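Asks: Letter by letter, the chains look like this.
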Amino acid sequence: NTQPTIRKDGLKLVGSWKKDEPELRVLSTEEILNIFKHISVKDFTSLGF
Amino acid sequence: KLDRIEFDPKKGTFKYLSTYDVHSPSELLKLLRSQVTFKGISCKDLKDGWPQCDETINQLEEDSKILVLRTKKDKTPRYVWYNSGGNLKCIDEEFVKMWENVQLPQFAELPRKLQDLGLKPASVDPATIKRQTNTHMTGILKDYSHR
Amino acid sequence: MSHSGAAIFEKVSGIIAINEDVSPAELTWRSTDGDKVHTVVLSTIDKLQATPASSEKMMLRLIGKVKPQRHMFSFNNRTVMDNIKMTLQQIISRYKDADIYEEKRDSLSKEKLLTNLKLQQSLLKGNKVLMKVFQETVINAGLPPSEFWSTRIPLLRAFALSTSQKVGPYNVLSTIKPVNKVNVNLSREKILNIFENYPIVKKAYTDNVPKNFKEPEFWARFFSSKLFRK
Amino acid sequence: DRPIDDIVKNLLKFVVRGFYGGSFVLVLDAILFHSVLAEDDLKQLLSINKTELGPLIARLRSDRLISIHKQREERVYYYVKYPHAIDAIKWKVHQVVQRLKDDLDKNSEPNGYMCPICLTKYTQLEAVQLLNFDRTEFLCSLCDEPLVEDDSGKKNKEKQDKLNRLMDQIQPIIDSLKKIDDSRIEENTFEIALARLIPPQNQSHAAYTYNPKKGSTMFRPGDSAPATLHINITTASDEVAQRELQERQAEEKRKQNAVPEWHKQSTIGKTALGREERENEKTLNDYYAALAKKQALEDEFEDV
Ligand SMILES: [Zn+2]
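From first to last, the protein sequence lines stand for chains A, X, 1 and W. Just so you know, the first sequence maps onto residues 169 to 188, 196 to 224 in the deposited numbering. Just so you know, the second sequence maps onto residues 165 to 296, 313 to 327 in the deposited numbering. Just so you know, the third sequence maps onto residues 1 to 66, 83 to 121, 167 to 240, 245 to 295 in the deposited numbering. Just so you know, the fourth sequence maps onto residues 2 to 74, 83 to 235, 258 to 306, 349 to 369, 409 to 416 in the deposited numbering.
Next up, chain A with everything else stripped away, as it sits in the complex:
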């Protein structure tokens, strides 16, 4: 799955996907929380957590 280009607009994080103008949508806080809860124990330890 192609990753988006993340930018911070105000207090919200907006990601833009490039097509095969690029699509843009707001990443909901719930979506980010769900993704963060799937990171493995070893994965985020390598990130310093």
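Please keep in mind that the hints were generated in silico from the structure rather than gathered at the bench. A few of these clues could be false.
Unchecked claim - List of simulated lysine-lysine pairs, DSS-like, C-alpha gap at most 30 Å: (1) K366 (chain W) <-> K277 (chain X); (2) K367 (chain W) <-> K212 (chain A); (3) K171 (chain 1) <-> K355 (chain W); (4) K188 (chain W) <-> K57 (chain 1); (5) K11 (chain 1) <-> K223 (chain W); (6) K10 (chain W) <-> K171 (chain W); (7) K295 (chain W) <-> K355 (chain W); (8) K10 (chain W) <-> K115 (chain W); (9) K11 (chain 1) <-> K120 (chain 1); (10) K284 (chain X) <-> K168 (chain W); (11) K36 (chain 1) <-> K165 (chain X); (12) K186 (chain 1) <-> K366 (chain W); (13) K11 (chain 1) <-> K71 (chain W); (14) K188 (chain W) <-> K261 (chain X); (15) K261 (chain X) <-> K187 (chain W); (16) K112 (chain 1) <-> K255 (chain 1); (17) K120 (chain 1) <-> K284 (chain W); (18) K101 (chain 1) <-> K295 (chain 1); (19) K110 (chain W) <-> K44 (chain W); (20) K367 (chain W) <-> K355 (chain W); (21) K36 (chain 1) <-> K57 (chain 1); (22) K83 (chain 1) <-> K47 (chain 1); (23) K194 (chain X) <-> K212 (chain A); (24) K44 (chain W) <-> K208 (chain X); (25) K189 (chain 1) <-> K166 (chain W); (26) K188 (chain W) <-> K101 (chain W); (27) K164 (chain W) <-> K261 (chain X); (28) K284 (chain W) <-> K10 (chain W); (29) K112 (chain 1) <-> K65 (chain 1); (30) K189 (chain 1) <-> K47 (chain 1); (31) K44 (chain W) <-> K11 (chain 1); (32) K253 (chain X) <-> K166 (chain W); (33) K208 (chain X) <-> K194 (chain X); (34) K211 (chain X) <-> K44 (chain W); (35) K36 (chain 1) <-> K203 (chain X); (36) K164 (chain W) <-> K188 (chain W).
We have chain A; now place chains X, 1 and W with the ligand onto it with these hints.
Replies: For chains X, 1 and W with the ligand alone, coordinates are given in the frame of chain A:
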């Protein structure tokens, strides 16, 4: 000439024509089941032509034969639908409130929770889905690319 | 089911149905409320046109044989269109062939042998040399017909056995190989053999050919059926 | 369609009619009978308002018994996702039964104590460390007042009765779930749901078509899921006619293989190359007849 009046050649009379010819519960039950869509028939035009309908409509509501949408100001029947399901009332309010108290977990985590408790989940975490020289012959040669 | 589905006709949404039970098969369009109804007989259709799978539109058209009668129907799912188109291909192809075809088109003894006048009239029509003698010796001369055949018994017997003999039983359906277009050739002898070897085919053939549809459709209908496979 | 679909449809109908109000039955039953419905079409069909439809859809959306799908045509579409609804029903039913079972287990334990003044709950162990020096009454730490027994002794039977009644009433759901697991469940989608679409209105404004963006790598939250026969009958004169054709074809085949003329003979001496019965039959027929008497809109299209 009007479509709301019916002519009787037998005696030569003019009678009112109701939108739906219903003067018996059996007729209403069959008429409602014949609807090709879920558009309920209004009570305003049903009360017209049927001297008593609320008594019959309410009677069928108790028997779980039809569905009734009632007003909020005072109990008054409006557009009705056929009850394709079972009994209209089968569960006490002590469980409806409990059903309201229970809050589902995160959708993506629900399938894993059921698998851990034994029950087979009828879904998977959305993290698993994987979105996958010579020109004189020009205009004469057909492209036989494959056989 | 493949005989019903949603369709849009003349800016009106409705349900399109395929009625096959009533012959000839007809295609009926009915609006959702039923206020509008349209029916087209498949026999009147020459070709069936359909938009390509690479196009957003789904207008399925049935052009009528002659400003040919055009009936355009719009679908929603490509799978539904393919399923409907596949079924319409069979009926259209079968009817097309029918139109093409329509436009394109014991008694072995002295006593009985001397009495079987039908046989006597049979061989005498075809044989020319005997015709020469028979006319001179029977018509004007007055010789009795029975006496004339007394000296020609072998000629009578040989001609009778030629048409009085039948081939032995054999597996007719095994020889029937279907061999898109598939061409299968049939003959009256095979048709008779099928009835003798299988009474069910004769039961269906006898009660349907004169009633509903012509024989060519029947055998085209029979082969496509699972009964032939069974 | 598959019979299991009817089982799933019946299961959803029972749940709404028993565990939801009246208008909820109307909303979800309509989509079951029909297919994906636009919000405007749903209001027209049921004659219900946005302020009245909102609470119903919102509650049915939180429980995931009805799914939403937004696409640019921004239009809102509602449909049913069978795998999601079954899981939610299965979990909630299990949770509800578990909640009652846990409550019954908890109630079977000693009652406890409470203080009338400060209304503070005290357990049996907690009270044992607060009794007065005279060992006569339990004194509240905050209020220094005698404690009063809580009213939880007689509820032991009430909770059991509710569980017994609920299981009998929920019996159809349990029976339906057993069959659902036995069968194979196919996950539904907007495009798949369109295969069973029954138009709500003759001229609905909503375009019930799915035109995904071309070349789109976009992934939104929860928008992806795991010939002719011809015959020829020869009737007593076509086999011979067909036989002649084969003989003609054989003759043509032989001609196609025949060598040229110059190969037949050595062409050295030649110059060098360089620049009536019917009447008889009629009288016969009459004679036999006497004999027998004697004895007695411009668009792209394709062709398929
Ligand atoms: Zn106190």
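Asks: Does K212 (chain A) lie within 30 Å of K367 (chain W) when you go C-alpha to C-alpha?
Replies: With a Cα-Cα distance of about 113 Å, the restraint between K367 (chain W) and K212 (chain A) is violated, given a limit of 30 Å.
Asks: For the pair supplied as a hint, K189 (chain 1) and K47 (chain 1), is the alpha-carbon distance within the 30 Å limit?
Replies: At roughly 54 Å apart (the allowed maximum being 30 Å), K47 (chain 1) and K189 (chain 1) break the hint.
Asks: Straight-line Cα separation of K366 (chain W) and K277 (chain X) no greater than 30 Å?
Replies: Violated: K366 (chain W) and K277 (chain X) sit about 102 Å apart, past 30 Å.
Asks: Under the criterion that the straight-line Cα-Cα distance not exceed 30 Å, is the pair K36 (chain 1), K165 (chain X) satisfied?
Replies: holds, 22 Å
Asks: Does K11 (chain 1) pair with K71 (chain W) here, judged by a C-alpha cut-off of 30 Å?
Replies: holds, 25 Å
Asks: Is the straight-line distance between the alpha-carbon of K188 (chain W) and that of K57 (chain 1) 30 Å or less?
Replies: violated, 41 Å
Asks: Given the hinted pair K112 (chain 1) and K255 (chain 1), is their Cα-Cα distance within 30 Å?
Replies: Roughly 25 Å separates the two Cα atoms, so the pair holds.
Asks: Between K112 (chain 1) and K65 (chain 1), does the CA-CA distance stay at or below 30 Å?
Replies: holds, 11 Å
Asks: Verify the proposed pairing of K284 (chain X) with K168 (chain W), using a straight-line Cα cut of 30 Å.
Replies: holds, 29 Å
Asks: Within 30 Å, alpha carbon to alpha carbon, are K110 (chain W) and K44 (chain W)?
Replies: It is violated: about 41 Å lies between the C-alpha atoms, which goes past 30 Å.
Asks: Quick one, are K261 (chain X) and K187 (chain W) close enough, alpha carbons at most 30 Å?
Replies: Roughly 26 Å separates the two Cα atoms, so the pair holds.
Asks: Against the 30 Å threshold, does the CA-CA distance of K120 (chain 1) and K284 (chain W) hold or violate the hint?
Replies: holds, 27 Å
In summary, the numbered hints that this structure violates are 1, 2, 4, 7, 8, 9, 19, 23, 25, 28, 30 and 36.
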